[PDB]
Amino acid sequence: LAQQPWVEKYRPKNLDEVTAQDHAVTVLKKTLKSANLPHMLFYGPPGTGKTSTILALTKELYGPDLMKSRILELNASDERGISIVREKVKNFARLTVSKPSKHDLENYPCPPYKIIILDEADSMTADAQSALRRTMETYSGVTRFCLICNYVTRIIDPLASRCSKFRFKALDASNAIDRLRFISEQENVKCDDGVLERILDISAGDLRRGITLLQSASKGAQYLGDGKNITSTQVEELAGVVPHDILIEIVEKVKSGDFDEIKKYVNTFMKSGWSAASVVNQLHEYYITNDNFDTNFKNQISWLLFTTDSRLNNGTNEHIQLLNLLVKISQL
Amino acid sequence: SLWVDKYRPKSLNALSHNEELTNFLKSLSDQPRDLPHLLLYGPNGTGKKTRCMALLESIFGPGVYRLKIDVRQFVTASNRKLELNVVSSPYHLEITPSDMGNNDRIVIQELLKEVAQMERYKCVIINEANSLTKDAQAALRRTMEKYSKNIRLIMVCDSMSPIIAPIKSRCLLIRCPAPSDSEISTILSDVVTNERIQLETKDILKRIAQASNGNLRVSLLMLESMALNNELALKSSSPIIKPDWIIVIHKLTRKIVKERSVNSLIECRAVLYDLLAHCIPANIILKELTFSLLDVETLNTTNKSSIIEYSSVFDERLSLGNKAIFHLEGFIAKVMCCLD
Amino acid sequence: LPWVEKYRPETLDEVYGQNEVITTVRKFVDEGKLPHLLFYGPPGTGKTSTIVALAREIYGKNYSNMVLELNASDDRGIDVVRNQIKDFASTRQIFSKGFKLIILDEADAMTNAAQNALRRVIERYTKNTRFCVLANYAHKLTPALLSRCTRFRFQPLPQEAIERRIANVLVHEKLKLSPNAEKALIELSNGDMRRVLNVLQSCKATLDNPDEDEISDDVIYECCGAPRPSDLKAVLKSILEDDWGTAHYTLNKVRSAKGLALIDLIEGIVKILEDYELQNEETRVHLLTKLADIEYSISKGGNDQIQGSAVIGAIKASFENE
Amino acid sequence: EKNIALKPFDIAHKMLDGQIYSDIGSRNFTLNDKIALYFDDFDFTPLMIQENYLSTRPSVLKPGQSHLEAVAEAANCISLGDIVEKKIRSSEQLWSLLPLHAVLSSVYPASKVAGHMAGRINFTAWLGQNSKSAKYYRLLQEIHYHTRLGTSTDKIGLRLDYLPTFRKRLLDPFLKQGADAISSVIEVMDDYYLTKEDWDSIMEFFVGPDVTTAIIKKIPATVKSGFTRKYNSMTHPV
Amino acid sequence: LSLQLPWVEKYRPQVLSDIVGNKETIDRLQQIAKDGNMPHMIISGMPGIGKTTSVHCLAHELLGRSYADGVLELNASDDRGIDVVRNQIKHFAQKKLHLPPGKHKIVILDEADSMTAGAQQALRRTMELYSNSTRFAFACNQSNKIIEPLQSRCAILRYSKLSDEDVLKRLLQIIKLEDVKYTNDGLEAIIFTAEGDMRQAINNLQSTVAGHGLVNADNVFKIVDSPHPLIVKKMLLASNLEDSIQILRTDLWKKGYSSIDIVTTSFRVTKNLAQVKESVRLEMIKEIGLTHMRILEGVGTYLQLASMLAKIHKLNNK
Ligand SMILES: Nc1nc2c(ncn2[C@@H]2O[C@H](COP(=O)(O)OP(=O)(O)O)[C@@H](O)[C@H]2O)c(=O)[nH]1
Ligand SMILES: Nc1ncnc2c1ncn2[C@@H]1O[C@H](COP(=O)(O)OP(=O)(O)O)[C@@H](O)[C@H]1O
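Residue numbers (this note's numbering), protein chains in the order written: chain A, 1 to 332; chain B, 1 to 340; chain C, 1 to 322; chain D, 1 to 238; chain E, 1 to 318.
For the record, the hints were derived by calculation from the structure and aren't laboratory data. For each residue, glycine too, the CB sits at the ideal point set by N, CA and C. Be a bit skeptical, because a hint or two may be false.
Simulated restraints, written as ranges between beta carbons of each label pair [to be verified]:
#1 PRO100/E with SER299/C: 57 to 65 Å
#2 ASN79/B with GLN141/D: 22 to 30 Å
#3 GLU17/A with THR111/C: 42 to 50 Å
#4 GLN141/D with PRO38/A: 38 to 46 Å
#5 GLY81/A with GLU214/C: 21 to 29 Å
#6 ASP191/D with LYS90/E: 31 to 39 Å
#7 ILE84/A with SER299/C: 53 to 61 Å
#8 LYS2/D with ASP74/C: 53 to 61 Å
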């Protein structure tokens, strides 16, 4: 069968199908009306439609047939280094521009340049971005770049000045939940009440991760029999999220403050295979946004959680770090 | 052979604990063509590798168990010679790229591609996926995207935290919790009934489970050792047999608690040197020492809190260092100061 | 027509100062003790002008034959530039007896292996070839390359000279700039004329009427992709005055909607807090130590939300000492 | 020639002398001199300091401070210096941090526990222990390669869990059955493709109460001869 | 016009007696040159201390007129390829240039520690094949990274950083040979700036002589590109944290000095703060080194320097 990820399957086809990004779409339409397309810097929260909008703009610029030969999509974050990305861009630019057919010319403007799209450009180092700017300057005659990122401030000033910047607003909860519901209804995914909201909460509003998690949940639901509805426990299991009941038990054990009880509970918890990093993240979310703790407690617990997360990021023993964090919180 | 290996389940029907996971694996094997990439994460000695092999047997057949071993040499930039021990079969491959240190990426890219060239598909089982470098994980994501037609990856790890998000998105996460003490007792009872081992009461098996901390492999090996010592007749008074290094570490804990001085630290250094020289990992030594210290009944809450804090600090230092004896001695000295 | 190439200092008169480098190199040439030079500093200080003036003084009418000007950031390759250096060194002329100068602009962008190969080439051809290396930062070069080159630091331009050059550019290009925008541009460029010219050109391009419109500070900050001081001040005020929930919500909302990285937000908050009048030294000690720790942890990855809450907690705890 | 090997001993003895850490002694032997002492044979100075910093009687103890606290602080600094050394000698090649590693590994811990050498300056034991650990890890790798097709474990799991039971199945039967257990021992070895060299190597991995040197020596030579003869008299799986 | 001969190149050591530091290693090399029959050797030490220069001087002493073609220097990490440099080594070694019976052809390899085990084994085989005429010297930073078969065949020499006395002696020799007017404080400043770096010290001396003629502290510090030690001392010893931060902002950060130079000068100044007790100096050095390590890991911001100053002030006030 023609298996395809739902993220790339449900991308909007034209600029008119972008829902919430009115400002960016309007500015892009105005720029497209002009005969000149400058270098573009798409920035905003993840899963807002940056790649979808640039792909729709490309499709309207070239056409469904020519756009695939006129597009170079790269991910500088996932690549080995600067050399591979820059060599691929150089080879794409030096390659002869594909000649548009009669239908493409008579139906679409077909500008004489090709578009290079970079994903996660802000993850690049300063030297990598300077090299990218030099490469863009060298081949600026026949290629227009589009840098997709979450933080415009992570891009150096020389590279950012050359690009017209488009800010994408974070998607509203209603819009994201409606998109997820439409995708689920089109794919005949039976979801219980609150499952889509749980998926969005786990993804932290990232519609890309939400769609990926929904597809994974559907795939898991096919394996299980009886055709039962997908439940929040299944999507929590698939995303590696500790259940809320275990978190409440951890909080109660910390509140009681007994060292031996906390040690026993952490020992019996490390046997269940739950990720310690997920526990730390959920404890941070629970404690920081809780109205039952005063300012001093949160001031101390923020530093405690920061230290525990920093030590966990170094590839240490989860059991020791989790026990130390829980004991330190219980001593507050 | 040892009872841990002789009675290992060789099929999905022979699995006895974690029935939900067994049903899930059966459902997965019911549709071999659309098999997703899998990442099985859980505590050590819980049956992850056994379940992976059982799933492979369900998909292909018993021929996956006719395993061969071969050393493969890889040519790399700088003209270095790297040898990888591939446990191969006429249906699947097993690799542990972490044994190649930081070269694992160039080991993977050279190997997986070759497999895709040699091919419905050939499964590859990557052990210790959590200890792979980030570049190796990026190469693994690249091979997953490029060769999803002929390559299906089954990664096994004890913690999914070091795994990167791009791998997690494209793989099916499978959580393998450690078996409960009742299931361990049932498995040991089946083993002893198969081996005709006398039991004064079943409670002994329960104790063995409580001694293994959910580690099924450790529980089975402990049961075999206890049976061998007690002339194939386990009594209620039969002592629990612990490994040599665990006994040494417990003796070290008792020594540290009893006497806190510079000479005691000097002798703890010799004990640690022996343990490290006989292939006991530093992180294992630190974890066992910390959790033996926390179990001493004469220490108050303040002492235990200081001990666990120092354990966390020196665990980070061990993960960021080279010479392990330095960090172990520092931790022991700090604990001695705290107790005194 | 880039504005960096235009208005470039072509003579020593255009250079504000730094005649000491010229005099020292002139004495080196006169005494026959000219070493491999390494001019490093911010762009536009006059490194290229100084070296070309020295080359013209040394040679004169045969400048094009005794001088090889190369740019290490042309990205042609290591082998091609090595071949160019070798064929320039091997082409000796009887009527043009003397050492041959090789200028290498923007050498700090090279990889470490390329720098080591360049150092080996420099050692190989030191008998008849002298190397001048131009760099923005000397610390980016390998120690082996640094040790073989006599270092000359070009000090950043004074603010008065930068303002005079900006006024000259504005009157040349008929551009009107607000004083706040001028201050923001000067602060962002950090004494780099190339950044000033590029940002001014881009802002002029983005204007709907580049002849009858004045560039504001908001336009400058948008063009440079830098955090606006108003946003950082709002975040700091929310952290200092509002409770934990409001501070957390405000920080996350501002740094996600405006696309400000946590490290850049930390840097801006530190810069703002420099001007605060604190009654206790321990407040500043705690602030600096905790914020540096958080930034160092951010550099290694980690949890983003946890680090943001750590920043909020660090500031709140430090300001409890008044 | 022997002065080359004697130099680290002299450096360690001088750096642990408390007189150069007093107020008067600091002026005569400043911090630059101590860092220079480190930079003379910088390969061995951190190792010698880590080896000998527990054998001193401190004369620089602060009031209210015991010897144990001083050695704990010295050990903390030594581990920090080890981390710095790892970062220095990695592929990053951060040799500019050598002076810092001078203070973290040698000078500061010496300052914490400086005094009179209570005994003799002993050479660092870390090199021999590291070589021994490498040899035993190679032996464990060979054993794991031999037994991988029969055991479902990694190398570390083989050492920690399987080897104690392999001891009971390969050495214990001899003590209680004389030469009558040779057939069973050979059968167990054949079930895991274990050679006689592997049998010899396995018994060397045990520590504490499980040491097998004296136990193996106590086994009669006739039993060992019969075991090796029976092993050499039959073919084995490979 | 004429030929350009910089002091760093003119006064580089040619004979073995021109080397100042490493008295034991230099004595061993002098004995080897005196008795002839140079054995295969491995010289190990931190990079940048001129390890290869000593064996070059030994080769000059052994061969002399035949040095121009009887010595092959190569880099193990050459970008051209390990295979091509190994082939060059073999081709040079199999040649049979006429040499006196008491002397042998010499091959010097730099950065030999980065070679893989197979390449090292091949080099050992090549050395053994042509051991009758060609001898090998391997320069490395870490001696442990050289395989045991190579280590056993060679004699190990260890090279250490030059002390301030050696740098002072070399500078005095250069000054006497160049009739340079100087002062004691100027030489002290030059030695202070270059921590055992002979090449940097000679370059700074030449630049100071050209720029001003008389070598004193003021002229040396004007020539030297590092931050002025007096400014860093004022920043470190300031009794108020605001004063230290203001000095850092105005005089060091805004003056274009990189964070690496700032921390290096802070380390150098803190080593020599005789007015402060050595325990406080060690604590300050530990903090400075921690921030230096953070900078070298890629942070290198102004906030790190501000935190370093805050910690130093906290230590100072006790
Ligand atoms: N009887 C029985 N034994 C099991 C089961 N699961 C695991 N084991 C035993 O557990 C031992 C170790 O499992 P292992 O493959 O090492 O799992 P892993 O190391 O955690 O990935 C095996 O030797 C099995 O004998 C089960 O369902 N039934
Ligand atoms: N405005 C939008 N309307 C509808 N769907 C959207 C919108 N923005 C994002 N999506 C969904 O997000 C998915 C891809 O997200 P993407 O644009 O790649 O995220 P990012 O903005 O990080 O590039 C698509 O499947 C698409 O359905």
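Outcome for the supplied range 38 to 46 Å, where the beta carbon pair is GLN141/D and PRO38/A:
59 Å, violated
Range first: 57 to 65 Å. Now tell me if the beta carbons of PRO100/E and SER299/C are that far apart.
60 Å, holds
For the range 42 to 50 Å, tell me whether the beta carbons of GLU17/A and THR111/C fit it or not.
About 44 Å separates the Cβ atoms of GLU17/A and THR111/C, which means 42 to 50 Å holds.
Okay, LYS2/D versus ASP74/C on CB: inside 53 to 61 Å?
58 Å, holds
Range hint 53 to 61 Å (beta carbons of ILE84/A and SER299/C) holds or violated:
Hint violated: Cβ distance 23 Å, outside 53 to 61 Å.
If I claimed the Cβ atoms of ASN79/B and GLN141/D lie 22 to 30 Å apart, would that claim hold in this structure?
Taking Cβ atoms as reference, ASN79/B and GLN141/D lie about 24 Å apart, which means the hint holds.
Is the gap between the beta carbons of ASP191/D and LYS90/E within 31 to 39 Å?
Since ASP191/D and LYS90/E have Cβ atoms about 50 Å apart, the given range 31 to 39 Å is violated.
Within 21 to 29 Å: is that where the Cβ-Cβ distance between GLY81/A and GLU214/C falls?
43 Å, violated
The earlier numbered hints that this structure contradicts are 4, 5, 6 and 7.
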